Structures are given as C-alpha cells and as structure tokens.
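The chain below stands alone, shown as structure tokens; this is the form deposited without the partner chain.
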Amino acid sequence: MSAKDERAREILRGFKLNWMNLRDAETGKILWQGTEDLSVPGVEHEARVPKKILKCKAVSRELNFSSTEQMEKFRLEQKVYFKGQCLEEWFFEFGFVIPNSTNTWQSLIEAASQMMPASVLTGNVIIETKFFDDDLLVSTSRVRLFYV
C-alpha cells in the first residue's frame, strides 16, 4: 500500500459524476443524457444510444462532476472495445480541479476508418474510461452500449 495508492482512493472517494449528455456536433442536438454515475468502477453499466450516432463525424460531450479533492491534472483515457479488441482511443485533459468544486467539462469527440453497422455492434461494444490525476490511476469504469 503506497502513498500514491492511498491518494487515488481518496480522490475516488470524493469523486462524483452528476450528469452527462452527448450531442451531434453539427445539429447541436441531444443524442443521450443521463444522471447515472457511469464512472462507477466494478460494475458493467449499460447504456442505450441512438443508431444515428454512428453516422456522426463528431460528438460533443458535456459532463458535470464534483470532487472534494484537489487534482493537478485531471484527464481521461477512453477506448472502444468490440468483442474484446480495441478499435479506437482518445485522451482528454481537463487539468486543474479545485477542491469542493463542481465543474462542467465540454469535449469534442471525432471518429478516426469505417463503421460496422449498429445491428452488429449492439451489445458487443464496451467503452472503457480510465480516470487519472496526471499519472495516477484513480478509476477504471466500463459501459456496454446498445444501439437503438
């Protein structure tokens, strides 16, 4: 049990994802929204998203979260997995987080390559999100996607 380990757990303990939504970055229109804390490690979350999203050049994400702990460099590593193989990857940086703050994080997400159809993908995709303060691994969460 290292000091780094202990810190990560404290950051996790104080971390909460409050709400999120996703939008076509052209229409600016809602594809998905929720208040389920999809960041929660150790369970497979499920999420229903519209087949239409696969057709988007890019997706805009708004994400609201709280943190009792201060973070130097708060960032995510995300991966699409399809039947256990990684198709795509992203790195996003929020940076500095003030202790006891609530914050709304806007990102833009681009698809790199050709999409298999929804019917093939549905229930076979997992999105893995790793939450880091700099080099420190705080949490790893998984979401399975059904396309509807």
The other form holds:
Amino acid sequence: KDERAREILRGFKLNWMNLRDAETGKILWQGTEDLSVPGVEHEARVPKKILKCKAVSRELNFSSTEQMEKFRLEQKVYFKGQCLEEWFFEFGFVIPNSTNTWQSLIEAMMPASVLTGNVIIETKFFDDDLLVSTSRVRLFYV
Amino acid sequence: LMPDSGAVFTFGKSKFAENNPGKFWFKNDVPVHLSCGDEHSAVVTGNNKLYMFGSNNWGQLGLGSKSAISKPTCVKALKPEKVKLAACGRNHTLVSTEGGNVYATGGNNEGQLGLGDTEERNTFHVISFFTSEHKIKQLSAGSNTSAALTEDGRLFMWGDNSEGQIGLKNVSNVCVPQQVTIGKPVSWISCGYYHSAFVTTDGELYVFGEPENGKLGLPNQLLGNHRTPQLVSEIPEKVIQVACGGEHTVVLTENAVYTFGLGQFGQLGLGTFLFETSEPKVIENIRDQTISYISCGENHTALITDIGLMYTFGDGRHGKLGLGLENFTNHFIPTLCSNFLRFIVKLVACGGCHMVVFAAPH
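Moving from the form deposited without the partner chain to the form deposited with the partner chain bound:
What follows is the whole complex; the chain from before opens it.
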C-alpha cells in the first residue's frame, strides 16, 4: 500500500488548473504550477469577486503513468484553522500513461479582507481507499 | 561587480530560480522605469529595451507563450522599437514607444488590452488609437483596467467600468481607449485594483471607482456618484501625486502624505491599531520628512524621501517591504529601509506580492 502510493505520486503531475464563472464562462483564475505536490505550502491569488459567484467551474488537467481504479479528491476549506466546507469529487478510472481534463462544479459570506491569506484548501489525493498524498494551498482574495 | 549606477533589487516573490539572490543589472545599460502588477514586473532601460519577469499565466510578459519564467527576459519582438514606458496590471501589461505606438499583452476579460475584443494575448499587440500625436507621459493599469496620460494633459482609459473605476459613467466596459475629461489638464494618473484617481495641473485630486472601504476618501453623500471623477476637497493643499492600491489610496502634497481606505495590514501607515479611514488622514509620523515619490502595492506602500531614502509599510509577507531577510511582520508605521542607508533609491515599484527597487551605493 505504501509502495503503491509512492508509485502513483511519482508518475502523477497536475499540468494546469483553471477556475471559471459557471454562468459567463470567463476565466477568473488560471495556473500552470503543480499544486498537488505535498510538503510545500502552495499559494493562489484569486479575484475577490469569486466570492460573489453562485457557482464556479474548475478544470484540472493531470497526467498519470500509473493506472488508478477510483481517482478521487477530498477537499476541506479551512478559515483560520476552522473547517467551513468539505468537498468530494470523483474522477474514477485512470488509464495508465494518460492525460485528462477533469471538470467539476463548485457551488457556493465573509468579506475578502478577512479571508485573504487566512484560507487553506486541504486536498487529499485518493485511489479508492488508498491515501496517495495530502497537499495544501493558501488562498488570497485580492 | 555591480556598476556605479547601481542595481535592481527584488523583494518578495519575483518567481526567480534559486539562487538567484534577488539582485541584477544590465551590461552598458541602466534601468529608467520600473512597474509592478499583481504577480509580474517590467523594467525599461536607457537603451530603450524592455525586460519582463514574474507570472506569465495570462501571457502578461508578452513572450509568445504562457509558460513559466524564472529570470528577467528581454522582449525580442519590441527590439525594433524604442520602449519608453510600461505599466503592469493584475494580468496584463501596457507599453509605449517613442515612435508613437502603444502595445498591450496578457489578460483581456474586460477589454483592458484596448484591442476591440476580449481575447487574451501572449504577445504585444498595437493599440491603433495611439499615434505619434499622443506623446505619452504616463501609463497605468489596475485589475482589468488601463490608462494612458499624454504630455498635454489628456487622459484615456479602457477596460472594466463595472464599479466606475475608469470614470466612463454608465458604460460597463470598453475594449478601446476612451477619453476621460473634466475640462482640465491631467498631470498624474494611478489605476488601483477597483478604483482610480488623477491629479490636475492646478493641484486637485479626483477619485472614482468602487465606493467601498473608504478608499475614495469621499464623504457618504458623494459615494453614489462614484462612476464619475469627483473632487477630494477635504485635502486643502495642492496635490502632486496619487497612488492607488488594492483597498487603499496614498496622496502626496507639497505639505504632507495622506492615506485613506483599508489598513488591516498597516498599509495606511497611521499607527498600530488604526485599521481604516474613510476620510484622508495625514501620516503624522513623517510630517517633518519631505517625500519625493510615492508607490502603492495591493496592500503595501513605499515612499522615497528628498534624499533618496526609502520608507515602507503594510503587509510584510515574503519580505516584500524590503526591510529584512528574516522579518516578515506587518508594519503599521512608515519604517526606514536601513538596508539601503548607504544607497540612493532612485526608482521603486510595488506589486501584489513583491517590490522592485533601483538603487545605487554611495
């Protein structure tokens, strides 16, 4: 289990990520940094108006050398160490040596001036019941 | 080593490799203009060359891609042109040339590139409106907003107007330069994130944009008219410079420095527990100190003194205040950059998570 988790991680790469306004389709944020990498506190600077969005459409582009049965994410939104939201997203079967674009809808308030730099998204990378990695991104609302 | 003319110093997140100490210069060339956006930076040199670095996620560096950049990079495409000025917004860059051409690259969601559309670009595209007739004195750019100020005092703005931040009244946005006039020559322009301000030749300050957090410096009864430029009459003395940040504004007069808006990180410089003000307040701490230049980041501020010393205040994250390598604390009063005490600070620009300084040693 521990060796299999390391094998998946060594062959996994997040190529890019975008955030779109679900109604207009306009990109609010886009990045090329691999935010999935564990042990490093990543940072993202998003427009403060994202908090006014009813729904946000996220696209994740990832590559994986290893086959996966049920690639899925558990995400917790922490504000000053307090969990505000818990999200669950399921991709499913990952064909070995493939690159995939995964689209997910995130549905929605505290002011941006307080949230900025104080919000952490904790992402747990799972294949079925196997925890592959845990990564974190600190959010800035500017 | 470093030439007698000095070096460019970077603080905070410039996205350089490691290491890469955060200091550079140019062979037989000198920096003449600095600009910083939310996550990127521009350096214009005396040989009329343009160097870009920082984030390239929207193609705001104009290098022909959206790939990561980890060092100052010369814009090859603009080499036939004589680059004079640059402005960096949230996700876009504006450039003006001596021959009369103005160029733009990067994000374009609200028409901030001035190209007549909303499609993002990764190379510098000419804005056809501007010709050799328009002698550009100053460029400015905020969050999806753009501005150009000419030598004879005409102001042109474009991009987002959803909160009145480009002063075009009822219009939601424009994708081409539009003139903003109150019937007076404009001497200074600053585009903040969601608000903008200009100074007239007779020393009057005009503000417009999002009527939130007190950043316009206007009394309550005038906040409804935020979509058109309005006079800040509460400042009695003649205004010389204005710098607009994320949620705050900084004003230089021939008597004092004024700040207003949000200051939860110390960016107002008005003391440890003064978190905000809706009316302009004098920074009393530097009342005896003459200030020659003001610069505004998203949530920090820099001031160059009469003799080329620098004071900074605001959010200290990643060392962007330029005070110490180990210090990342927020500063609520203007604090001397003692690391530059043996230096003349000649140019400064403040971004979202970084600051760029041109300084020369004694």
